[PDB]
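Before any questions on binding or motion, here is one chain by itself as structure tokens, the form solved without the ligand.
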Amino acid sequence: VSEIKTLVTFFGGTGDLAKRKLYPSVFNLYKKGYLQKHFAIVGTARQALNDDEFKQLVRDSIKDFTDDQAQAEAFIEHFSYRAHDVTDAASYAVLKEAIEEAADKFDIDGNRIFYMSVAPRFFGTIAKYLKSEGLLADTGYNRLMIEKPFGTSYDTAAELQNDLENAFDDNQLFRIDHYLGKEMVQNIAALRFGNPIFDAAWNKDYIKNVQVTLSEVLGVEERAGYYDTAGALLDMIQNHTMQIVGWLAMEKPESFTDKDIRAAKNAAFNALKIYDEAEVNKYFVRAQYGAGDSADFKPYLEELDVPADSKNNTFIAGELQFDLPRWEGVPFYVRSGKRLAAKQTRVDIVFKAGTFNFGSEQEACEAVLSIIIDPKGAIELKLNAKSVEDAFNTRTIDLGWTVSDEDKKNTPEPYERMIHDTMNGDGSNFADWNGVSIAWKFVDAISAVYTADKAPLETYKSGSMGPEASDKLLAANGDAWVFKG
């Protein structure tokens, strides 16, 4: 395997995310031989720690992924640390030195990746200082990995993007969304473009509607302080759902290069209809979970730290419309919520029933292509066949496939995937500015109606698949949710 020469600086290096996911992920890359000799990891945080102490922190972090001790130690030797306060310009000079020391000791020419595992309020500050204080490599590439979230509205996001563009180009910005780094989400384009029978049918002439579901069985839990201000709309719809939809609605790319994949996705994003107040009331649904089936399933208002006067949405369902020839009249249904019937992230593509008359009592129903992303990867194709009856009649059968145990074993964790893609400079599985800005405009229009309270707030029994207004939404076009729980 080819060697990746890179210098990674982790802001928030002593953090929990770094300990649990970042370091073990960079370790796997080393285990696979991608990282060999010319690479260095510089950790940074406020806490005054020296190289040996930081090395021990990393040692304890990769412990549960160590088979060979010599290998673990050979890896840890590539780590260095430098205490540093992100708000103090002067302090960046100290980090600049540690970085240059690392590049020398391991002979690395530029190729710098900066990981911001810090509080969102510092994203712009750090980036601006990276340029003004000379921390950016003058040779090779300079890439930034910005953690969730990228703004809380279009305005804030636009301001962040504006700050980021002081030192970086959009193609150097790597926004983290672990849903895009998931193996099954990356199977969509392969299934579509790699098979002519599906490629040719991926349009208005064969597809009746596309459905995207992201259900969770858990409630707000201990995260009440944050969730009460975000809701399913910002926590699950704006980021995860919109980006999954991007893969489904994109045009057929000129090639499978990240540049063309993005152009193909943007053609769709640019054709998306932004809703006004009336349209939001007609095409979207917001709800809050109520009394469940047992005492443990308490309504959203009775959850701790939740303001008794909260009108927050723990569920969202809506219809998306794309003004492209390929999708004229094809509704894209999305839904996500807490306290639903089952943990599941899936895509259901309903094909139009055929008009061939068999003269049977049961005519041809709609074929369905389902791609289960969570909890276990699967692909199912529901087709029409003959029933086991004396007289000719149709019925539906499921052709199915599931990930093997070997598959699960070889599947890189999403963080390993994201780190690795950034080192390769592969923007394929990352949302670009255009995609994120449009996703914000769409949600802002809905959020505007919600904060103004010019739309009703539905309610649903915990453990169900949502309020009836959700089914009412699809019924208006003669559609129905494929996944019933």
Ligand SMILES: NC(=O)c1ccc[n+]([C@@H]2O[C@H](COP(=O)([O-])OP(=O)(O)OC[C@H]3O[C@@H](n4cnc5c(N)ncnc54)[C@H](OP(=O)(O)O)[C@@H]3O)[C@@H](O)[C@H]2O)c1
The other form holds:
Protein chains: 2
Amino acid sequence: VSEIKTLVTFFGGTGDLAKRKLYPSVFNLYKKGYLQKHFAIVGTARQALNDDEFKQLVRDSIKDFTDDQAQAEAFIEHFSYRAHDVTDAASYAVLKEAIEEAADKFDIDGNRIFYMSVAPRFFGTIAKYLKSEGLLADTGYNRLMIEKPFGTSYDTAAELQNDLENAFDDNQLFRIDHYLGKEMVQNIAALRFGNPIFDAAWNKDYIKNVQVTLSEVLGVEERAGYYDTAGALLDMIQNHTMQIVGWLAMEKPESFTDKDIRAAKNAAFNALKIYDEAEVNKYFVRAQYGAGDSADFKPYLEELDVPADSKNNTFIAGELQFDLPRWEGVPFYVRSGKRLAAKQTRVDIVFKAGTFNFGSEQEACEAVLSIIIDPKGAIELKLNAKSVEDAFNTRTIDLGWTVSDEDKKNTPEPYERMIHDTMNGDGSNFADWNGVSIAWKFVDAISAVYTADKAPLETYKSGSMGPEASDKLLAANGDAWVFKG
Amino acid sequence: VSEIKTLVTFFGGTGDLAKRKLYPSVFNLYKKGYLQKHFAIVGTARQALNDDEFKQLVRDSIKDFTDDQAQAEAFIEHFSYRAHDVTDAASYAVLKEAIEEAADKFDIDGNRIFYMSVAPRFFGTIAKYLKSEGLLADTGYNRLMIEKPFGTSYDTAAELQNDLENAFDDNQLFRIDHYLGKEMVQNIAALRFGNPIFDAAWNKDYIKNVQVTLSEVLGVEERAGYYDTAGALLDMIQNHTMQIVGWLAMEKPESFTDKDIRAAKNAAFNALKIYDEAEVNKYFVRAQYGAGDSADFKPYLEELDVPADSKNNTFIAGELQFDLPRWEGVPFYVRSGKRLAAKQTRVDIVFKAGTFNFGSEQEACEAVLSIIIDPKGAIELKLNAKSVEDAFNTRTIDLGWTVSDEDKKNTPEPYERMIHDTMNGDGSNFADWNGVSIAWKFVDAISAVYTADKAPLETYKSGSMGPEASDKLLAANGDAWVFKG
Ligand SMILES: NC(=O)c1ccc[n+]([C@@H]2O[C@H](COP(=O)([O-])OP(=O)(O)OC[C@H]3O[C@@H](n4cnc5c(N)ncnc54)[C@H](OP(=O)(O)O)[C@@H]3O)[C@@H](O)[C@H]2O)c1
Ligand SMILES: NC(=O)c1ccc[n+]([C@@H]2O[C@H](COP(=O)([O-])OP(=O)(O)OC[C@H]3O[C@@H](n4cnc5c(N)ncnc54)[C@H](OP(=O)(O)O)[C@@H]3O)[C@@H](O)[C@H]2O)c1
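Okay, that one was the form solved without the ligand. Can I see the form solved in complex with the ligand too?
What follows is the entire complex, opening with the chain shown before.
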């Protein structure tokens, strides 16, 4: 396999994410032979540790992924550390020095990746100092990996983007969204464009509606502190759901290059309808989970640290509309919520029923293409066939495929994939500025109605798939949620 | 369920087919409540039996399908018999009498079905006498069920048709072909017309080639006496294969009525290309099985009662061409043979690979829709998806569906279905004159080249899928057999 020559700096190197997810992911790239001799990893945080102590931290982090002791040690030898406060400009001179020493020791010409595994408030600060204090390489590339979230409204995101653009171009920004790094999400484009029978049918003349579900069975848990201010709207819709929808609604690209894929996705995003107060009440539904059918399934307001006057949404369902010729009249239904009937991330594409008359009692129903992303990768195609009756009649049958154990074994973790894509300079599995800003504009419009309490807050029994208003939404267009639980 | 009022006469009533297949099939229709009070079954043959003895014959025939003794006896009470020689005109007066007595006893107004379970040489004779001797009902319908074969060449079939048309119209003729009475064969039209994504793709712009396989693992066995003069050509191709192809190549009908289905099938049959000597050598392959990989798999010439100078075909493979806009440039490959790798009756529809460039090492292959009819009903769709690799690449995955045990339990035997369809007057699962005559014209053209030895006779190892010439045939158009064994 070909060698990747790169120098990666991990801000928040002693963090939980760094030791649980980042280091093991990088180790994997080394095991596969992508990282060989010309690469270095510089960790940093305020904690005063020397190179040996940091190496031991990394050693303990990759412990459970070690087979060959020699292999582990050869990898660990590529790490170095430097204590540093991100708010102290002068202190950046010390980190600059460590970076240059590492590049010398391992002979790396530029090719720097900066990973921000720190609190969101530091994002803009760090980027500006990388530029002003001279940490950016003058050779090769310079890429920034920004952890979530990327803003909390269009305004803040716009501000962050502005600060980031001081030192980087948008094509150098890699916003983390682990859902886009999921293997099955990447199968959408393959199924669509790789098969003419689907490619030709991916439009208003064959599709009736598209449904995206991101259900969870757990509740707010110990995360009340954050969740109460975010809700399903900011925690699941704005980011994960919107980006999955981007893959589904995109135009057919000129080629499969990241640049062309983004242009095709943006054509869709730019045609998305932004709702006013009236439209929000008509096309969206917000809810909060009530009691379950036992006692441990307590209502959201009775959860720990939840203000008894919280009107936070633990569920969102809504209809999206694209003003593009291929999607004219095709609603895109989305829904995500806590304490629902099942944990599942799926896409259901409902095809219009055919008008051929068999003269049978039961006529042709709608065919459905389902792509289950979580918990296990699956693809199902519900088609119309002949029923086993004496008289000719139709029925639906399901053609299915499931990921094999061998498949599961070879599938890279989402973080490995994302770091690897960044080293490659491949932006196809990453949201760009345009897609993110539009996602924010769309969501802000809804938020405004919610914080101003200009829309009802619904309730639903824990364990159900949501309030009846969710079904009322689809019924208005003669549609129904495919996944019932 | 609604009651069927009918009087059925079984010529060859004491025959093997009558007691093994016919009577139990009719009994089933009674168990389901289709046959109630107004129906009678008149059996006939030369053997001198009285009504009691025939009833006992029927009793022993349905023995293994009895649960309720009372039910069995109520059914048996509807049977009567009359000794009769089909070559003796005068003797028909005696059968006429028995038929009219049965109609009185059970109050049946016309609605007569005559089943010919006798030797083929009697077919024309029986029909002519039914007319001249007055056995046809003057009220209701009169339908004739002709067992196989329907001729041995276009000439003989044309002669038989002429004799049959003395007393019946073609719409009253029901030619038996148990393959058309198979549940899965009837699922073709449902899959195609019931699903717009397939309906719209069932033409030259999406399909590369269609393949029909009717393989068997057994050899000529004890059937040398008949087989040696027929071959795979007359035994499997002319009848079974041609009619399955009819379902596949038909135009889209105006409605799903038997009349419209036949008109749509005939549009295809009429556009079928009849081959000359040159084309036969170029588009067809005849072979005979050689030795296997043990000793019990002896060559065809070493089979019992096989003339050491036999050039009989135990395998046929060929390309069919339809001169219709929807099939322009689309070859239909067919193959059937003995001592092949596996017993299987299937249809494989190869879709043209897409031209979208992923920039991957492995580009999009051809999608395949497979319909397995025998031994177990199955439907598979091979599609292009993303491979589980670090770099984006494509692979094919299989979406499958299999008939459930409950399905198998409810599926009517082919004979039950055929008799039931005849009582209903439904000709959709039956070949009409036009389809049969064209099938004969097509086959005769090939036969002529074979009996005149103007084409090579190939050889193949028992257990293989046929001679290499079979593969050479598809390779000429850049195609390959999907089912490898
Ligand atoms: N872990 C998860 O599962 C997860 C999942 C999704 C998203 N994320 C995101 O990843 C980022 C951090 O996650 P985490 O779980 O790893 O958090 P964490 O345990 O709190 O780690 C914070 C890191 O930042 C360092 N730090 C604090 N203040 C600093 C400063 N003033 N200057 C320099 N370094 C400073 C800390 O080291 P010192 O205290 O020694 O300075 C520590 O290494 C956040 O953006 C979070 O949203 C995490
Ligand atoms: N059984 C199978 O699996 C099978 C499968 C496919 C097709 N078929 C077709 O079904 C037909 C017969 O099959 P089979 O297996 O049932 O044969 P079979 O046992 O030979 O029966 C022949 C019947 O014809 C009667 N018969 C003979 N000569 C007659 C005459 N001169 N007048 C009146 N009746 C006469 C016989 O009764 P008498 O001798 O007492 O007159 C007997 O009942 C054939 O066309 C065959 O091709 C059979």
